[PDB]
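Okay, here we've got a single chain as structure tokens, the form solved without the ligand, with questions on binding and movement later.
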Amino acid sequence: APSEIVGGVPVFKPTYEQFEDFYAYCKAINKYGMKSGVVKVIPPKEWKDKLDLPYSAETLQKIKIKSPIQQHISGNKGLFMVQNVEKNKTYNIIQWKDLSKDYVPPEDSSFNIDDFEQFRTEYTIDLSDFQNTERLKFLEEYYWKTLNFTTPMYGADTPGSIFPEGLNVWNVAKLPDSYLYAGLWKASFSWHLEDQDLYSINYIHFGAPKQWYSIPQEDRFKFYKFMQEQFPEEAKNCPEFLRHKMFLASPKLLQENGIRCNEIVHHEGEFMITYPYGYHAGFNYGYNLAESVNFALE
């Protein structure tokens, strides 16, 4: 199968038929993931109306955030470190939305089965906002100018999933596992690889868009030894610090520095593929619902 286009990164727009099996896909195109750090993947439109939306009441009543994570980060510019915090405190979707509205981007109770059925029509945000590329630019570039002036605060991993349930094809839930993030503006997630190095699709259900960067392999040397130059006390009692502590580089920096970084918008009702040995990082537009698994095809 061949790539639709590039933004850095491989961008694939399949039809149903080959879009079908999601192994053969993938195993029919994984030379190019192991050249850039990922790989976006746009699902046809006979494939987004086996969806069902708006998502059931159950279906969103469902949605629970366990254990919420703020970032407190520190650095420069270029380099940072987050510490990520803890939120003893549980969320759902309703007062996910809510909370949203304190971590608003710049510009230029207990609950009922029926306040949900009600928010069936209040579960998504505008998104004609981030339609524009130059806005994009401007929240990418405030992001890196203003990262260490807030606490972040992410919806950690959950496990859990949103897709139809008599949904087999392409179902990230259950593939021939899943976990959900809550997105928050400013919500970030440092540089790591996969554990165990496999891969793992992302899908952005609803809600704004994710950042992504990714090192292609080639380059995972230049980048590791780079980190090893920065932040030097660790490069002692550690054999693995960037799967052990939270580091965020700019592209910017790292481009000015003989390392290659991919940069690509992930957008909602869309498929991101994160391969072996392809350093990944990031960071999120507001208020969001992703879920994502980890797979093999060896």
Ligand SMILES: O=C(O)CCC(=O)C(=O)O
The other form holds:
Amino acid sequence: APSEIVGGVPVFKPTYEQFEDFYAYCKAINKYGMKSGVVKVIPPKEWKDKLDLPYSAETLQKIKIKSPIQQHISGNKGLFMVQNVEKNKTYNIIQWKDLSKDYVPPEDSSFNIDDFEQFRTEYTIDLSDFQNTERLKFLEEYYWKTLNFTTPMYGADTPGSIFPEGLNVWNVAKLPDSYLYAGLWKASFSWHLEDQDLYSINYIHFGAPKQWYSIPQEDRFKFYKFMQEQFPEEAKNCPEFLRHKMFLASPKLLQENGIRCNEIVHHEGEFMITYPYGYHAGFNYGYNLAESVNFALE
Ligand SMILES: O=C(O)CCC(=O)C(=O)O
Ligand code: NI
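Swap state to the form solved in complex with the ligand from the form solved without the ligand:
Below: every chain and molecule of the assembly, starting with the one above.
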């Protein structure tokens, strides 16, 4: 199996025949993902058909977004650090979709099983705006400029799954323990490797795309050292401080420091796979719901 294209990041678009087996397809593809930080995998149609949309009323209901996170991001130019502070509230998908009305991208009581049944036509967001490359570019530029002006909110690490219970192909929830990611515009994930240096799949079920950045394994030593130049204090005692604190570095910056930085856009109905020793970070282009798990190939 070869890659179909590159955005700096390999893009694989296999037939259902090869995509069929998750551990075989990941075993045959590991060499590419072990060079670049991440890898995109666009699934065949025979896969999509296996999905049940719109999600049943109950499914849309089981979605609980507990302890939302608000991020105060402090920094000047390409160098920022976030401090997560939790809200004790918990949201449902409808409240979340509503909440996203306060987190708009720049231009240029009690609920009932009936409410979610009504919501089966209202759960998605318009996407004819994220097709424009210049639009995405514009947003990303605004994102980095205005990082420290607003505090974004992220419904991250919320246990659950909206994959079909009987889906036995590439089902994040059940692999041979998954979490949902309720995204809002400007919600960010800082630079990091996975716990115990595992892999991870990330599939967007619906909503706005994500911006991804990764460090080619080759340059992870340059990267780690540079991030020591910066944030000298945080680096002092702690050897694994990138796993401790939340730092944000822009590609443009890293690039102009000898550090290669991959970048790609992650759309709904697509998988991102991160690999051991592949640093990654980014943000969400708006309201969305994703699902992910850490895993190993041995
Ligand atoms: O979706 C996120 O918030 C961060 C990305 C991530 O943790 C992953 O899927 O590996
Ligand atoms: Ni990750």
